[PDB]
Amino acid sequence: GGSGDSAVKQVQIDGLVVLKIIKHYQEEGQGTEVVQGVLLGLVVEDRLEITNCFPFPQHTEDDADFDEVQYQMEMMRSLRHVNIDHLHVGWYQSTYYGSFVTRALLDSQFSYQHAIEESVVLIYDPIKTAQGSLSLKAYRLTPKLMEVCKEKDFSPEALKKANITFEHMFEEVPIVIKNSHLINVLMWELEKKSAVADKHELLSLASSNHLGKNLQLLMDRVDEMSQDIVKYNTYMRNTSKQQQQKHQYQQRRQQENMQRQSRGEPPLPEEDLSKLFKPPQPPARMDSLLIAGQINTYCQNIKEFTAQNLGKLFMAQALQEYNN
Amino acid sequence: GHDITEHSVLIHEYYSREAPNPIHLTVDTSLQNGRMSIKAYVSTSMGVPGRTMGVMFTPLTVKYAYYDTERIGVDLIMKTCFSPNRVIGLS
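So the protein sequences, as listed, match chains r and q.
Going letter by letter, the first sequence gives residues 29 to 352 in PDB author numbering.
Going letter by letter, the second sequence gives residues 176 to 266 in PDB author numbering.
Hints are computed from structural coordinates only; laboratory data are not their basis.
Here a beta-carbon is modelled for each residue, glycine too, at the ideal position from N, C-alpha and C.
Some hints could be false.
Stated by the list, open to error - Looking from chain r toward chain q, a few residues come up when the C-beta cut is under 7 Å (computed):
{"hint": "1", "residue": "50"}
{"hint": "2", "residue": "60"}
{"hint": "3", "residue": "205"}
{"hint": "4", "residue": "215"}
{"hint": "5", "residue": "338"}
{"hint": "6", "residue": "339"}
{"hint": "7", "residue": "342"}
What the hints assert, rightly or not - Facing chain r, from chain q, some residues (calculated, C-beta under 7 Å):
{"hint": "8", "residue": "210"}
{"hint": "9", "residue": "252"}
{"hint": "10", "residue": "262"}
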């Protein structure tokens, strides 16, 4: 039983879903992360099976602005009438820069997961990550955080929920290994559109050639990763700096002031002695980096592990191919 | 499927309330390779002051084309139809 934790099984994303994702591929939300649709499915053998999606559009002029839910309500009735029902068991934002689970995506997920615990959150990653590995990134939210439910505030329940120490390298389910049983029709088209009408097959396959030759793919990956990751690294370092200074470096001075008092005045207070430690905002363990930021350490290691791999393959192929 | 019926004449009329030229697609689902997958049609004559709508359909044929990465997406399903072909070992 590969099934998930405490309300749900795995996910299976039927091919006709992913066709409909790559229709709103990476536009209508390029430089803006836009939730491009809800994943509607049903509980199947050892898995969910997302059998259909409908896209959720928004006001994408160059910024994203949430709209009336007149769309979603009418469109989930539109699904219900010819097909099944509104059975939203997840969602997919493709969207912007090879798979990354932002703090906002963790928060939108937290609202989604606590409401319906039959859920995953997809991140459909096409050619943008140099394609590359883990094109379909699933990820559901730890049921620990759905038991120490809201909210991770800056001082209380940052420290306290950091001390509970729920996962932030948390498991991601596999998505496909099996016959989906809607292989059927698209199987029949393969013999037609190979050999005797392999126009559109060969067109798709020869995309590979120009994924290598031209403008700066791995170069631009490593460039964007030279900027994206150093931003995040610097942030933790100056975050950690100030908090560790309130933790120790301020205790150092005020306790050396506690020296001077001699730690007690018998006739009257001890105002000064009392008014040593008066709270700065972090006493320990700023949580939203420790959890949500660390979900993106994992994703940044993934992007690095992805961008590396196709490099490794060339470093075999290049040497070897010329060696003849 | 199957090709031209009395219902071609009827779903003509319902679509003639929209009133551009119609694009009749018929997806035959039969086993045989001698049966074309989808048989595109569009009426000629189609003069219409007669009965409902004359049905004498023009020869059309079908292709694929809208986008690359989505037929990279179909090729990804073709070779999953072959046998998965999960997403880990692509390269």
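Quick rundown of the hints versus the structure:
For the restraint placing residue 50 of chain r at the interface with chain q, the shortest Cβ-Cβ distance is roughly 4 Å, inside the 7 Å limit, so the hint holds. Because the beta carbon of residue 60 of chain r sits about 19 Å from the nearest beta carbon in chain q, more than 7 Å, this interface hint is broken. A distance limit of 7 Å between C-beta atoms decides the matter here; for residue 205 of chain r the minimum to chain q is near 6 Å, and the interface restraint holds. The restraint placing residue 215 of chain r at the interface with chain q holds, with a minimum CB-CB distance near 4 Å, inside the 7 Å limit.
Taking 7 Å as the C-beta contact cut-off toward chain q, the hint placing residue 338 of chain r at the interface holds, the least distance being around 5 Å. The closest approach between the C-beta of residue 339 of chain r and any C-beta of chain q is roughly 10 Å, which is over the 7 Å cut-off, so the hint fails. Interface hint at residue 342 of chain r: violated, since its Cβ lies 10 Å from the closest Cβ of chain q, which is beyond the 7 Å cut-off. A hinted interface residue such as residue 210 of chain q counts as satisfied when its beta carbon comes closer than 7 Å to some beta carbon of chain r; here the least separation is about 10 Å, so the hint is violated.
Taken as an interface hint, residue 252 of chain q checks out: its beta carbon lies about 4 Å from the nearest beta carbon of chain r, inside 7 Å. For residue 262 of chain q, the shortest C-beta to C-beta distance to chain r is roughly 5 Å, which falls under 7 Å, so the interface hint holds.
Hints 2, 6, 7, 8 from the earlier list are contradicted by this structure; the remaining hints agree with it.
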